[PDB]
Structures are given as structure tokens and as C-alpha cells.
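What you see is part of a larger complex, with each chain still in position.
A and B label the chains in the order they appear, each numbered from 1.
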Amino acid sequence: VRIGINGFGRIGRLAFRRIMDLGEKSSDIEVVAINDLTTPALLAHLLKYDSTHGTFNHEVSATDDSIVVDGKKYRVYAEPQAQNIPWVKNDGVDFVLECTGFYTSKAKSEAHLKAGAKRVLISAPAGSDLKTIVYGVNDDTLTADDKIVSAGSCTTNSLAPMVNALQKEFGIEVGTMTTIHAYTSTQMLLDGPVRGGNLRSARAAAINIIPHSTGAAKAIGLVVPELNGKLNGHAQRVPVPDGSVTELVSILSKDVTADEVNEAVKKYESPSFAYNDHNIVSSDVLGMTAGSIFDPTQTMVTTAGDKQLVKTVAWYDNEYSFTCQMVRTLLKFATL
Amino acid sequence: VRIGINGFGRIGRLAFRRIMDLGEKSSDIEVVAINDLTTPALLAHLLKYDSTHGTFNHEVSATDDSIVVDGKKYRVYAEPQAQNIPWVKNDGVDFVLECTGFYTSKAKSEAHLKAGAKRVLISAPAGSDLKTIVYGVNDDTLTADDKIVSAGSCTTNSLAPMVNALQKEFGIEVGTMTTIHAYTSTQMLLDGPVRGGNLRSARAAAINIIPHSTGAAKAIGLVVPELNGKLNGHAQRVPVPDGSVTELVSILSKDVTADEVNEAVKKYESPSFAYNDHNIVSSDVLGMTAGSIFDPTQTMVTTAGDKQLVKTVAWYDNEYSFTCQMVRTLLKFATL
């Protein structure tokens, strides 16, 4: 299965890295081509050198129209409109990993199907008229039939395993989320006009706490249908370049203790959902490959009379945790 | 009323600034002397130049044993033990603003009473065997009798006005707090041994999200006695040098909407408790003089069936909001 990566951004590049570094374990798939808005020279440089995830342990260079890794060539295009990228005919692209941020719906990502690609996995929420898959939570809903699929967001991936565990073990009546989240490239380096015009998005990212909207909690029903309508929340964007944490405050159907909550959630531990009691901080999270890293040291159950609130917290490398999830889904997708 | 400032740190210096810049409005009080562990040369320099709060708009210099502001001299001591600072006899100190972080209890801050000072206001939580005052919430509990008093923490000051309003308007059954908080000098510049040995406190402060304990919510009953035992919470320390935000998630006794919550809390607006709907971010908070700045744009009420959670959020300049509160209490304290 021949993969075209649309948008060699943070996610597109890390997906390239993860696929290659899985080696044997990613045999069914291989990246064959890439599309962006820039030179092969720059794409190769950014794959090689990463300010947050370190230097790629391979030999990378460019030609006039490709990047080269360990001797193998990967074609690079600069086609702003997806139906125009000729990588099916040129490169045998079967499958698009859509990571530009500009095709986040079924309608839009049809452009790749017009281009002759067979399947698209979108690196973002892309609406409710397709499936959203969080690997480890509802990847068994995925079939070979599916043409265009969403991998959700980083926050979706951080949240779904934790709420899945809580729902199955205790039941969630209602809940509200705050994710303390790294800055991303939708934000501004310094205060100035920002695409979309949001007064907070416009503010210098690496010197402010900036409240942000997020639909991750609100849309959780696409992944965990039982919690439809039960959750909401928001984000605070803070000055780290990567590394994020999701807090959830729930009313559960049963009276619990922190220890009982921790014990129940540990039952769900997996490559997708880690359990980490080592008193870590955000920079230790970088490079972790689970989609969500539950932190039992932050669990807090607050009780007065018959009323009880349950706070549970999971870390995530918003870039790399998400990427590794996408790759898990990609590998399953391929095995179909 | 002659004030000695013990600990010319962030709080001690800003209190000096605020008192001076109130001018006429701080007539009953004047700083006469200062104690720390360092040279007058350095104390004067740090009063003048501040990386977060800008340059003090006065002429500052030092002698061999004092700082000088606009021509007036303020004696500087370097006495590690408070009962040894001779500023009562030397300088007529009546009253200590205790801001070292090293005398945060009644027993310890008795050292100043041994030194011959009459009253102490402590710039921090100092236990339950004295009063903790949040100006605008329970300063009417304060009498002339009181000898050693706590001004609570920055977080206490951020939280109490918001919960006071909620308790009086709707009633709080239970609640849990997360404050997304600037780094402070208890933290480390780079990973290394930290006083107290905490594995998270030890981590580089300006490059990590770092979970932190805080008793602000748990101890709120000292300020708002009705909420005794009803609240808990924690902190996330993030890479801003000042500027913090407190989120509270409550179960209230009544069903509310966000708009109803916002409207009710606005009734409590005061110099101590601001209401700011302008879509600000943390750097806009710097220099604000309220103890707590309610942000109605972040209000979120999440409902499923008969169950409802209410999230309310207030900003605070952890350094300067707190300082201005302390000064309000100080001015009232003096008017007694």
C-alpha cells in the first residue's frame, strides 16, 4: 500500500519518521510521495532536523524534485489543489495521509479521490459524516469499505481511552475537560492578524496563557457513542512547543476513591493507553508512543455529603502520541 | 504606622512600589526599613528594574546601608533571624510585612514580636491559628486586636471572591480547582536538587508543564467558612514568568445557565474583584490591581439529564494582584 503524505508539516514529517522507524512492523505500507508548498531542499532539512524531536538518525538529502532517505527517493510535489497532485499516475499512490489542515472534511478530502487515490486518513476531526477512529478505543469499527476516515485530534486521542475506561467501569453522568496544551502553528509568534480573526489566537504564543476552544469533549460521542452529549470542555494554550495534558472532571454513577479509579483505569493499559506513575512532567512526555498517558498521581476525588467530583488526568505528546495513533490505524487500515 | 518589609523579594518589592504609587491614598503607612540577605546596591537595583513589571518611575540608588528613593532613605539590614533585626529601635518599625517565605506561621512570625514589632501581616498562608484575610471577602473580620495575620496566597485571593459570589447566589455543594500558574522562585531554572526534594519542583521551570500541590481550595473555609470541606484542587505550573488563571468546576444547588452565572458574579464586582469580558490573555493581566479578575468568556455550564457542572474562571497577576490585596488589608489594618 503506497502512501502519499499531503502536508509535510509536524504531523506529516513525524508520520514519515514513525513509519520508517517501525521498520518490519510497517511492512504493509510505505511512503512513496509527498506534497507541500515548498522546496524538496527545505522538506529534507526539516525531516532531518527537528527542534523538539531531535535529529532523524538517517541520511537525508534532496534532489531538484525529491527527498532522499538512506538512498531511497521520495517524490515531492508543490500542488495547492489536491485533485492536481499526480502521484497516483507518477508514484502509484494508493492511500493519502491528509495532514495539511486544509482538507478536514469528507467533501474536501474527496479531492484526493478525484486525483485517483483510493483511501484517505485525515490527521484531524473532519465532521460526523464519516468515522472517527481512536486506536485502542473503536478501531474495530473500521472496515475495508471506508474511503475517507478521521483520526480525530490529539486531544480526542488523549481523552477517549480515559473516558472509555471510566464509562465501562463506573459510568459517566456528565463531565468537563480542560487541556493544558502546547502551542501549535495555528497560533502567532507575536501579536498580529491571524487567519480566522480570533482575538486570542492572534496573541504571541510563547509568552501567554491563551484560552482556546476545542470540540474534543463535545464530539466524543463519535468515538465513544455512550458519552454522546455528556462532555464538554476547552483548552489553555501555554508556552511549551510540544507536550500537553488533559484534565477531566466527572460525575460518575458510583461513589469511588482515587485508588479505585486508578486501579480500574490501569485495566485498560495498552500500547495506545499508557499508565505512568513516575511523577513526570511535559518534557518527559515527548516521544512517548501511546495516544494517552494516564497519570494516577494527579487523580483527585472530591466529596461533600452525597456529592462527588472525580478529576482524572492524562498526558500526551500532542504531535507524536497522535502520530503514533494515526500510524496504528494506518497499519490496521492496510491489514484490511 | 512604620512598616518594615522582611524579604525584599518579588512581593516585598512590589508592595514597596504599590505603597509609594498610591501616594496620598497610603498616607497612614510608610515603609521605613527593609531586611534581606543581600547588598543595598542589589536591592535598589531590583526595585528599580523589574523584568516583568517594568522600570519603577522614580530615582533609585543605594548607600552603604540603605536604598534611596526620590531622595528619601530606607534602611537595609541583612539579618537571617528576625528577632535580630533592630529596626524597631533604629527605625521605629511598628509593623512587619513578612514576605520572606520563611516565617509562614504564627509561632515563627512571633520572632518579629520578640524584635519589638507590634503587628505582622504575612504574605502567605500561615496556618489556621490566626485569621486569613482576602480583602473584599472577609476583611470585616479584622480587628485592631489581631497581632499576626495572613493575607492568604495569590491563589486564595483569586479563588475566594469567585466562590463567595457563587456561594451567596446559588450555593456550592462541592467543587474542584485547577490553577494554570506562572512559575515562581520555589521552582528550578534547570533540573536539579530543589529544597524539599519534590520530584516535580526539581524540574526546569521555563520549559515544562509541571503539576503542583496547592491547599488554596482545601483551606478556603478560613476565608469563606461556609465552604469548609467543600473544595479541593491543584496547580499546573507553566512557562510564563507571571500571570495566572484559576478554573473552578462546581456542583451548585440550583440549575443555572452560563449567562445567569456571569450576571450573578458581576454583582460582586469591586476594586478587589474585577469583571473582564475583553478576551484577554495572561500578559494583559500583568499589572492589574484586583485580587481576582473574573472572565465571563470562559464560563461553561455542562448538563446531562439532571446533572450539571459549572466551570468558572478568574485571572490573577499572582505577584501584583496579590500585592495590591495585601496593601488593601494593610491600609485597613492601619485605619484600625
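A few points about this structure:
One rule holds in what follows: a contact is a pair of C-beta atoms (placed from the backbone, for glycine too) under 8 Å apart; a residue touches a chain by one contact, two chains touch by 3 or more.
All together, the complex described by this structure holds 4 copies of its single chain type, of which 2 are visible.
The rule is short, and it goes like this: only the chains that are shown with their structure count from here on.
Our note on geometry: chain A versus chain B, Cα centroid distance of 39 Å, whole angstroms.
On the chain B side of its complex with chain A, the touching residues are 173-176, 178, 180, 199-200, 203-204, 207-211, 229-234, 236, 238-240, 243-245, 247, 249, 251, 279, 281-283, 295, 297-298, 300, 302-305, 307-309, 311, 313.
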